Structure formats: structure tokens, C-alpha cells
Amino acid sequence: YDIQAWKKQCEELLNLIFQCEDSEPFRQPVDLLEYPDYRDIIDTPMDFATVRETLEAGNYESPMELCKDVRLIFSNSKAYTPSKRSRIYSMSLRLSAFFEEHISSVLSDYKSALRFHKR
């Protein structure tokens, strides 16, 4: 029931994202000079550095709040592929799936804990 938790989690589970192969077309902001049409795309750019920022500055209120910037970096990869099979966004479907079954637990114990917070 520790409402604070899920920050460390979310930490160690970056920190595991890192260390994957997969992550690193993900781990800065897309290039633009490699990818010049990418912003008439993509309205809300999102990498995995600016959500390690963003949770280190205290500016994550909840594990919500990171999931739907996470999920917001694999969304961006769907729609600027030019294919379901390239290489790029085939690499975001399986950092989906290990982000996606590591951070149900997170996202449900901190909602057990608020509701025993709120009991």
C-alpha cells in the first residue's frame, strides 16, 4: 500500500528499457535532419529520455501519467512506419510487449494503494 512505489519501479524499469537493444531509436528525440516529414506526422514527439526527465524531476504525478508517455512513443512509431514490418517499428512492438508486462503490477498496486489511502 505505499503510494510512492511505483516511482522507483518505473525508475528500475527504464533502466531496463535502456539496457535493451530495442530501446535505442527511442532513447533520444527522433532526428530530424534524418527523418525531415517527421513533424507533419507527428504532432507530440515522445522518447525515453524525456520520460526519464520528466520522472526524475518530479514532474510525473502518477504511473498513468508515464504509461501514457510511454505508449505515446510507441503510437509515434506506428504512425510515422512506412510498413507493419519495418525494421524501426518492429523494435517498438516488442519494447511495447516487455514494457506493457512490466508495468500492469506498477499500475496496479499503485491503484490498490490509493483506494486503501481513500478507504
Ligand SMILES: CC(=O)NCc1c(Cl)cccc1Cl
Contents of the next structure:
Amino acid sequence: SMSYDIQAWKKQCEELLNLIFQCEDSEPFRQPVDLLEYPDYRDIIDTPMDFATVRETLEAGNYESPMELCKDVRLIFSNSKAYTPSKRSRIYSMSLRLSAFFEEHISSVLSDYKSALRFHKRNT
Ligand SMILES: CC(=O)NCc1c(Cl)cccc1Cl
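Let's compare: the form deposited without the ligand is above, so bring in the form solved in complex with the ligand.
First the chain shown before, then all remaining chains and molecules of the complex.
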């Protein structure tokens, strides 16, 4: 049950996504870039990602671990850095702040999960 629960990350990620949706800094990243509206986005970005898509992937059970979820979130930020590379851009600054917030909060989720894995493997 509760110590080393290998499923506890799911609720922890739901809670973190809730915080992220509350942040004004997430506003550009909540929904997919409108590919019909914004022409050259696909010329630049191979794999779009956004927080609504991550939140639905989680709700759907399609992440095997919090590291898979983290990979998709990191793609949100790497896509922004590629599309909006200037340190002068306020959008760049938003992405930087929100990335730092995410990386701060996800740290403990991943470490806790990996510790759970190691314990269960050791005692299996
Ligand atoms: C999510 C993201 O990279 N948005 C940047 C953007 C802005 Cl600010 C304005 C028009 C189109 C785009 Cl794609």
C-alpha cells in the first residue's frame, strides 16, 4: 500500500498539471498551436505538444511512468525554444519561468518513483 506505491505518481502529476494550468505563464502552452491558423509552425517544429494533450494522455492511461510524462512536457519547452529562440521575447521568458517551475516540482515525483522501483525490484 502507501510507502513505495508505484502508482502514486499519477495523482501527483494530475496535481502538478493543475498548478501549471493556473499559472499565467502557461497560457501560450495550454492548447495545441493552431496549425490551420499559424502557417510556418510545422515548417519548424517536428512534434507539437501542449499541456492539454499531456493532461489527456495521462487521464487516458497512456504514460507508463512519470519519466514518459516528463519527456512530453520537456518537448513543450524545447519546441518553444526552437520557435521562439530570442532571450528578448517575452514568450521566451514565459517558457523559461514555467520550465523552471515544472523542473522544480517534477524532481521529487521522479526520485520517489525511481526509489519505489528499486525497492520492489530488490525484494521481488
Ligand atoms: C506555443 C507557441 O510557441 N506560440 C508562439 C506563437 C505566438 Cl506567441 C503567436 C502566434 C503563433 C505562435 Cl505559434
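We call the rigid core the largest set of C-alpha positions that still match within 1.5 Å between the two forms. Positions refer to the first chain, counted from 1.
- Where among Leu93, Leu32, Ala79, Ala49 does the Cα move by 2 Å or more between the two forms after the core is superposed? So the residue whose C-alpha moves 2 Å or more is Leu32.
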